[PDB]
Structure formats: structure tokens, C-alpha cells
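Working notes for the structure below.
Apart from one protein chain that is not included, each protein chain of the complex appears where it belongs.
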Amino acid sequence: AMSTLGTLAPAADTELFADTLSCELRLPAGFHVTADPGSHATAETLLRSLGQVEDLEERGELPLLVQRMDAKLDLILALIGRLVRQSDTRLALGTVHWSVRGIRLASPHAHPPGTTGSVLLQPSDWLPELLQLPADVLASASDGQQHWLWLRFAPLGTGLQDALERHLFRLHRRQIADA
Amino acid sequence: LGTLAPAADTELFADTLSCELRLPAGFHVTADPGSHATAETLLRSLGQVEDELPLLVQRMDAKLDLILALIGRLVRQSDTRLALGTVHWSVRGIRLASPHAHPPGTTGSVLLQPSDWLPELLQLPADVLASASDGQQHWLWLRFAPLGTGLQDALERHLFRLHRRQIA
Amino acid sequence: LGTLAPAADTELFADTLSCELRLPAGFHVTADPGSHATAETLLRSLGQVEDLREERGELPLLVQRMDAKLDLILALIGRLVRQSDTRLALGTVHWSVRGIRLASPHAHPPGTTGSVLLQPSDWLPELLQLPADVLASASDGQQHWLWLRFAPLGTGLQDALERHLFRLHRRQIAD
Partner (left out) sequence: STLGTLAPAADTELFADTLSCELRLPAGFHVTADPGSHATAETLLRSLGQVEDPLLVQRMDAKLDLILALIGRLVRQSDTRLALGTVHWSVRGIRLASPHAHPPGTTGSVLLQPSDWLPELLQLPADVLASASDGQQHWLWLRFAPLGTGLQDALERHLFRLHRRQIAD
């Protein structure tokens, strides 16, 4: 906590993180000008489904035919995840500051404020799926060895916003948890 | 406008719901058509996922969503893709733009993507009624071969639902 | 088009349901294929989804919707598999629970072992693989014909194949 990167874009850092849960973490992240995010519902579905399956009984209240079905789903899911890792290009690992409003992350190339595009993020880790969020560049600055971008997400809509808030809240208690 | 083959235009759309929309679609010549079951399953399934029980079932559903999402993306990122474009679609046939003209009577299959998030294509065997060009290019008038009870009921529901969505 | 191998045609098709149909099939000379379990799972599952094509509402609405998602996933994965698989040559074949007679691009001596490769359903890009040996290879006007005798199937697979063949027959008489 207490990273000075915010001194590079005071007004932007305040817009994105003031008075709202903001998490500083490392995960595959990136920004691309030529969007192709998809829908709010896809992002929302990814986040919610991800929550229902994660964060660390069948013989009872349930038969056994359904346990097998659930087993098969776990297997299919793992295999489809394996398939994806085979072709998709992974995002680079980076330290980012993420809130419901936007994100501060490092980028190979600077981009003037006003540039529009999509923030790419791999939320999970065991699942090679990306969360894409349309966003605009609020600020762009360097610290000497990396170009930093402050991106503000375009309106997320009621459902996705909720899923994202829950997502951030969970990540936060867990980071504090394993401490 | 449409009246560059009024003969077919009337056969395909007169007195029946005919929607005008933009969706990837195309005509592919072949003697190897698809199946009615497959097309019916595709249509009804898209519709049943329009908009609970023990926790294990709720998480099974979450797992399904994740699988569908991942598999859907893989297809969409590696496919040929059909030509986006304005088409006129009814339970009887479709009015779409094709790269080249075709002699009427030419047998083949109309391939269209009924939904855009899901990259699964709908395959319907059809014959060309007319092939007049003018919109700088060649427009085709395709007549679906008899769909059969089930698939026809599915297609009408699809178009009706699709129309209200649009008319709102 | 069967006298080319009298005894072999009698061993594989005498006093037993034998169907004549066209589908992608081939014989692959391989050391060891295997897995009756995979072959049986395929045939039994196909049959259930084949019949799908008991009660409309019935169970919870959520369930019906999950089933739909399954139909979508299967279709999508099917499409993906076709984007890079190798289609097998379509051909007429005589198929019994004991063996199969098909057209091969080349001939093989009696005793050659491998797997009979078949695509059971046109809508599903999945292949059925059954270990088999060649007990007859002869030629007629042109094409090379092989008589493959399946290696023992085991209780389950046999039942699955017999069921599959019977339904195939029944549907065939439906013309």
C-alpha cells in the first residue's frame, strides 16, 4: 500500500480510486486500442460463474448420477482450459491498481489521454479466460522504466458493475486473509 | 428494390412474417445438406437460454456457462466467418447477398448465424428461385426445402421472437 | 461383390444382422488402439441422443435451460473439431457385430492387425474405433476390399454394437 505512482497523475488517481475499494495486485493485464470486448453480460457471466466455482455433501441431498455429471463438467472445464492455453497468447504479468471505476497498469507503449480501447485481464489463474473491459485513457505517464496508464472503464451497466464489486471485495478479503 | 425478382420475392414473403435484418449469412453450393434435427436443436436451444436447486446444481450451471463461453470464443476466433449483411428472412426462404450469381434451380445450403454471441451456424438446405443483381452485386432468393413439422415450428417461433425484439 | 471371399463373408455375416450402408470408414494398421469402454460409451450415448431426436416441462425450468446449454456446447465443440480434423473416405460397407467389409486404398495380408475407423453419426464428428484383424483381402473390378473381424468386444461393447446395428436396421426400413 501507499504507492507513489499516483503522484504521476494525481487527478486521475483520485478519480479512479478515491472513496472506493481499490486493490493493488499482480495478474496478467494489458490494454489494447483496437477493441473487441464483447458484451457486458459475457463479462458479468465470467465473473459470477468464476465466483460460484472458486474460493476453496454430494452423497447426501443428492443421488450419484448427478455427482458423476458434476465430475464430467469439472473434467470438460479443465480440458477446455487446457485447449485454450495451447493457442491463446497470454497477457504479461504486472502490478496493477484495480477499482470498480478503472485500473492503473503498465503498458509497453504510452497512449495519450483520450485514447479509447479495452483493458484485458485474466481474473482467475486456473481458468485461461480474459475479462475485457472497454475503457478510455485518463492519464499517461512514465516513472523512468515503464509507461503507466490510468484507464477509466466505460459504464459497466448494473449487472456487471455488481459482479465486479463483489469480485474486488472477495479478492480483498482473501489477500488480507492469507496475511 | 426487391422488385428485381418480384416473382420469388412474393413466393418467399407474401402473407408471412418476413424480417429485414443484418446478420452473417451466405449460400453454399452442395449435394450434402444438413439435418433437420440439428437445425431444430440449435434454434430451440438458443431460445430456451432466453433469460436455484441444490447448490451443486447451481454450480453445475455456472460450470456450463464457463464451458460455453470458452468454447464459443475458440470457434469465433478460428472460423471463416460469413459475410455480414442485410437479409430478408421468412419461414419460407431468405433474401441475401452472395459473391457470385447462380442459375435458378441450383441446389445448396443457406448458412446463417442466428445469434451473434454464439458463433454456431444454422444450416438450411435450399434452392435458388432467382438471381438478379443490382446493389452493385448479386442478390439471391433462396427457398428452403420443406423443414418438417418440428423445425418449421422452431423457425417460426425464432422469427416471431426476433421480430418483437426488433419491433421494440 | 462378396464371393471374392466366400468363407470370410460367411464367418462375419452368417446368421446375424448385417447392414449395408454408406459412411466414412477406414482401416488403420496400428500396433495398439484399444479401449472398449470408449467405444461403448460412444455408441450408448449416441443412441440416447439419437432418440432425443418423455415430458415437456417436468423437472425445474433451470434444468431444461442447462440441457439447452449442453446442446450448444456439443454443437460448438463439434464445429471446432471439424475446423482441423481429417474426414474419412465415405463408402459402402457391410457391418455385423462380428466384423466389417469395406473398401481400402491398399490391400493387406490376412493377419494384419489394427483398427476399423467409423463415423457412426453424420451430425457428430466423433469416430468409433474397434480393434480388428484382416481375414480377407481381395479385389473386384477396381477398389480393394477388406474383411475385418473385430477382436472380442466384451459384454458391454457387444450389447452396445448389437443395439446400434438393430436401430440402424429399423431406421433403414423407414423409407
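Order as written gives the chain letters A, B and C; numbering starts at 1 within each chain.
Rule of thumb we're sticking to: contacts are C-beta pairs under 8 Å (C-beta built on N, C-alpha and C of every residue); 3 or more make two chains touch, one makes a residue touch a chain.
Touch with the chain omitted from the figure is made, among C:81, C:89 or C:107, by C:81. Of the listed residues A:1, A:2, A:65 or A:179, the one in contact with the hidden chain in the full complex is A:65. Within the whole complex, the absent chain has one touching residue among C:4, C:19, C:62 or C:63, and that is C:63.
Residue A:76 is the one among A:43, A:47, A:76 or A:138 that touches the chain not shown. Seen across the whole complex, the unshown chain contacts subunit A at 56, 65-76, 78-80, 82-83, 86-87, 125-126.
Counting the whole complex, the residues of subunit C in touch with the unshown chain are 35, 37-38, 41-42, 44-46, 48-49, 52, 54-55, 58-59, 63-64, 66-67, 70-71, 73-74, 77-78, 80-81, 84, 124-126.
In the analysis below, only the chains that are shown with their structure count from here on.
Subunit A and subunit B have CA centres that are 35 Å apart.
In whole angstrom, the spacing between the mean C-alpha positions of subunit B and subunit C is 31. In subunit B, the residues that reach two or more other chains under the touch definition are 57, 60, 64-65, 67, 71, 74, 78.
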